[PDB]
Each structure stands twice: as C-alpha cells, then as structure tokens.
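Here the complex is missing a single protein chain, while all its other protein chains stay put.
For reference, chains read A, B, C, D, E, F, G, H and I in written order, and residue numbers begin at 1 within each chain.
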Amino acid sequence: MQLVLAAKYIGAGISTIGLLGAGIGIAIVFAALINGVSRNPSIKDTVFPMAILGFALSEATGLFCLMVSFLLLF
Amino acid sequence: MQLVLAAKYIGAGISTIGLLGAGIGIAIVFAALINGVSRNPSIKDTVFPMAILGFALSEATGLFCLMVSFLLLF
Amino acid sequence: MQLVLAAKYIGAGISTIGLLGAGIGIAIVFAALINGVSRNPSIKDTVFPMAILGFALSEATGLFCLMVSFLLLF
Amino acid sequence: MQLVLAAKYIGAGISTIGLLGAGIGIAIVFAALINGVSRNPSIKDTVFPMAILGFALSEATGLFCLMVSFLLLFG
Amino acid sequence: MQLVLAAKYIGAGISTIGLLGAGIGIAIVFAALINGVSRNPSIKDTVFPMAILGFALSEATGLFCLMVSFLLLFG
Amino acid sequence: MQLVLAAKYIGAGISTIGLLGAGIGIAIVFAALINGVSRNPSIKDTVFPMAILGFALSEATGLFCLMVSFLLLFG
Amino acid sequence: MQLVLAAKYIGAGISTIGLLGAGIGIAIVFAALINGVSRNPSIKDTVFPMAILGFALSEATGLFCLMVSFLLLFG
Amino acid sequence: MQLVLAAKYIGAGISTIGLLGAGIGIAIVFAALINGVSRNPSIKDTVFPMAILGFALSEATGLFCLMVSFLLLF
Amino acid sequence: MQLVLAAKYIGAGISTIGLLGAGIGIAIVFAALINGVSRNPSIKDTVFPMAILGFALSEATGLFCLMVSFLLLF
Partner (left out) sequence: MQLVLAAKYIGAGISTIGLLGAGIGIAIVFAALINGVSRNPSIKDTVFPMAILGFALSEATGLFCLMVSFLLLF
C-alpha cells in the first residue's frame, strides 16, 4: 500500500496545478468588468451579472481540480 | 497491481491540468462579452448567445479532461 | 505487463494536457467574434462562418490529443 | 514509509505551482483598476470595491493550493 | 522490452503537449481575420488567403508533434 | 532518511516555480501604473497607492511559495 | 540498454514540447500581417515579405526541436 | 549521500525555472516605460523612477529563486 | 555508464523546451515591425534594424538551449 499511498499524495499535488486557470480566469472577468464600467458607467447593472456568471463558470473548473485533489488525499 | 493503481492515481491528477484551459478560455469569452456590451449596449441580445456557444465549446474541452480523470480514478 | 499498463495510464493523463490549447483557442476565436460584431454589427453574417471555421480547426488539435488518450486507455 | 514521506514533500512543493495563478490574477485586477481610474477618475468609488471582490475571489484559488500544500506538509 | 514499451507510451503522451501551440496559434490567426474584416470589410478577399496560409503553417507544427506521437505508438 | 532528504530538496526547488507568478504580476501592476500616469499625469497620487496595494497582494503569493521552500530546506 | 532506449524515447517526446513556440509564433506574425493590411491595405507588398521572414525565423526554432527529436528516435 | 547529492543538483536546476518570471516581468515594465514616454515625452522624469521600482520588485522574485538554487548547489 | 547515458538523452530533450522562448519572441518582434510599418510606412528604414537586433538577441537564448542540448547528445 506504500506505493499506492505515495501516488495518492503526488497526484493530489499535481491536481492543484489546474487552479491557476481559475485564478487567472476570474481576474480576466473582473478586469473586463472594471474596464467596461470605467468606459461606460451607465452599463454597470447590465454587465455586473455577466461578470458573476463568468466568474462562476471559470471558478467551476478550479472547484473540480480541488475535488480530484481531495479524493486523492482522502 | 500496486504499480497499476499508483499509475491510475498519478494519471488522474495529471489529467486535471488541461482544465486550466477551460478556466481561462471561458473567462476570455466573458471578458469579450462585457467589453462588447459596454462599447455597444444595443448589441447585447445578439452577442449573448455567441458567448453561451463560445463558453460551451471551450468548456467541452475541460469536460473531457475530467472524463479521463474520472475513468482513471474509478 | 504491469509496468506497460502503468505507462499507458500515465501517458493517457499526459495526453490531455494539450487540450488546454483548444480550450483557450476556441475562446480566442469567440472573443474576436463578439468584439467584431459589437464594433460592426452589420458584419455578423460574414464573420460568423469565419469563427466556425476557426473553432473547428482549433478543436481539431484537441480532438487528436483525446484520440491519443483513448488509444492509450484502450 | 520512506516512500510515503518522500511523496508528501514532493507533493507539497508541486502544490505551490498553482499560486502563480493568483499572483498573476491579482495583478490583472489591479492593472484594470489603475487603467480604469486613469481614464475616468470619477469612477474610482464604483470600481474600487469591484477590484477588492475580484482580488478576493482570485486569491481564494491561491489559498486552496496552499491548504493542500499545508495538509501534505503537516497532516 | 517492458521498460522500452513503457517509455514509448509515456513518450507518445508527452509528444501531444506541443499540440497546444497549434490549438492557440490557429485561433490567434482567426481572431486577427475576424477583427480585420470587422474593421475593414472591403479587405476580406485579401486577408482571407493570408489567414489560410497562417493557419496551415501553424498547424504544420502540430502535425509533426502528432507524427512523433504515432511513431512511438505504432513504430 | 536518504530518500526523505532527497525529496525535501526536490520539493524545495519545485516550490520556487510559483514565484514566476509574482515576478510577472508585479510587473503587470507597474506597467498599468506607468501607462495610466503617462495618459493622465494628474491621477498619479490616486493610482500610486493602488499600485502599492496590487504589488503587495501579488507578492504575498510568492512569499508563501518561498515559505514552503524554506520549510522543506530548513524544517 | 533497456534504460538507454527508454530514455531515447522519453527524450524524443519531451523534445517536441518546444514546437508549441513556433506554432504560436508563426500565428503571431500572421495575425500582425492581417491586422496591418486591414488597417492600411496599400502596405501589403511591403509587409508580406517581412511576414515571410518572421515566419521563417520562428519556424527554424521548431525545426531544431524536431531535429533533436529525430536524432533521439533514429540515431 | 549519493542520492541526496543527486537531489540537490536536480533541485538546483528546477529552482531556476522561476527566473522566467523576472525575465518576462522586467521586460513588461520596460515596455510600458518606452510606450509611456513615446506617447507623452514630458512624463519621462515621473515614470522612469516608477519603472526602476517596478524592475527592482520583479527582480527580487528572480533573486530568491537563485538564492534557493545556490543553497542547493552549495 | 547506462544511467549516465540515459540522463544525457533525457537532459538533451528537456533542453529544447527553452526554444519555445525564441519561437515566440522572434514572432513578437516581427509582429511589432509589421504593425509599426503599417501605421507609419515612412519609418520602415528606422525600425527594420531594430527588429533585426531584437530578433538576434531573442534568438541567442534559443541558440544556447540548443548548445546544451548538443553537448548532452554528443
């Protein structure tokens, strides 16, 4: 079981790499929001919900990386 | 059999890396949506279905990374 | 036998990494579509088929990563 | 146990790689804040809180990487 | 024999990583096509063959990643 | 003992990879600062403290990559 | 020799990763060509040869990766 | 002893990877400097010190990668 | 000598990764040239030598990756 356990811990570490995708993706969404609102303040109420949807969909990819990570750890 | 199970676990972890691609890609689509609607609010109903299509096609790449992951885990 | 099986499962995981390219590339195409349409709405019927060709060619790289992956798993 | 311990410490080092995403993401949010304010100073009080929220959400992806890292080091 | 076969299969998987360059590069070319046509519709017949040349050349890099992959898988 | 020490040193080297995020992110913040001040010099006193906040937060991600590195090296 | 052969084939797969640079680089040159021509059509005969030279030089970095790959596979 | 020495030399090589961040980041700062000065030459004396602070902070990440590297080699 | 030779071949493969830097960097220089000339054709004779210098300095990094590669192979 030593080899299998060792692999579980290597695997769990590898599985967090994909979180960099959500880290960057979430930022890209919020950057667009800020820039869109700065150029056209009246559009705020329209684009804010688009940013939330964007965030959630990008975040979901990171969430699944973590799930695989924790399946391997536990 | 210990060596094969080890491989399945390390493999599962490696297969989540590609999810960074959906994480970022989905955000890129939403950033475009926000910036297009801020510059031209009247175009919202035209470009929103394009953003949904674009999201879904980028997300499918992540979905299949995750299929490979789950196939290795289980 | 056991070592070869181990290699195929690691190989399968690695072969999905390339899917990040399609995930990002499909997004870049759709981002251009949305931005082009927002700036010039009358061009929609011209650039939409271009985005579809773009998506298809970028997707092909992803498909062939996944092909190698399934040849390794099975 | 020599192999399991070895894996815990390799795994912990690997689990920090994900932090590059928050280091880059946080910067992207702050760049946008700066560029938006320079172009439209009167929007500062509106966008500053959006930038704090964006930072917070981007940061959380980094925090989870480090949690996994700490679990492998100390658990 | 067992170790060589193992390495061929690891090698083949690694050789697909390079395909991400074609996946992204083809997109970049098509993004420029779409943006240039949107800004100047009258130029489309001129830039369309440039986009086909660009896609083809970027794709060729991915084609050779694949050739190495198949040589390791089927050689 | 030998294998665990080996892994601590490999782990410590891997844990520095994440620092590239801070290296790039800090730059992105300063690039926005410079570009926003060039386009609107009157805003500089407003955006300068935003740039310091942004740099600090991006840097914190790299600081924790380093902490893991030092924990493996000196723990 | 089982170990040496294994290494030749792993090495060959790794040596294709560099090809992503040419796949992306070639695209970047062609994107610029397209965008420059769309913005200034009369410049086409001037920039088209610059784009061919840029592609050629970018491609050469890909060609050398594949050479190393072929040496490890066939030499 | 031999395995530990082997690890320190692999570890040393890996620890330089992070230097790509400074290599790119220092460049991004200088690119902004050159672009800002070209667009507004009268701002040079204001933004030059900002670029130097920028360079220094980005360089610090690189320096500490190299510190880990030299601690491993020696 | 089997282990050392195996390492020479792994090492030589790893050493080509850095070539992606020159592949992309050279392109970035030529993209700027093309865009600069398109915006201001009269500047061609001025910026062409800057592009050549840029190319050569970016290429030098790729050249050294290859040197290390061939030292290891031979």
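The working rule: contacts are C-beta pairs under 8 Å (C-beta built on N, C-alpha and C of every residue); 3 or more make two chains touch, one makes a residue touch a chain.
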| item | value |
| --- | --- |
| Chain not shown, touching residues in chain H | 2-3, 5-7, 9-10, 12-14, 16-35, 37-39, 41, 44, 55, 59, 62, 66, 69, 73 |
| On chain I, residues whose C-beta touches the chain left out of the figure | 1, 3-4, 6-8, 10-15, 17-22, 24-29, 31-33, 35-37, 39-40, 43, 46-47, 50-51, 53-54, 57-58, 61-62, 64-65, 68-69, 71-72 |
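Throughout what follows, only the chains that are shown with their structure count from here on.
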| item | value |
| --- | --- |
| Touch-network distance, chain A to chain F, counted in steps | 2 |
| Chain G-chain I separation of Cα centroids, rounded to whole Å | 10 |
| Where chain D and chain G are represented by their mean Cα positions, the distance between them in whole Å | 33 |
| Residues of chain G whose C-beta touches two or more other chains | 3, 6-7, 10-14, 17-22, 24-29, 31-33, 35, 37, 39, 62, 69 |
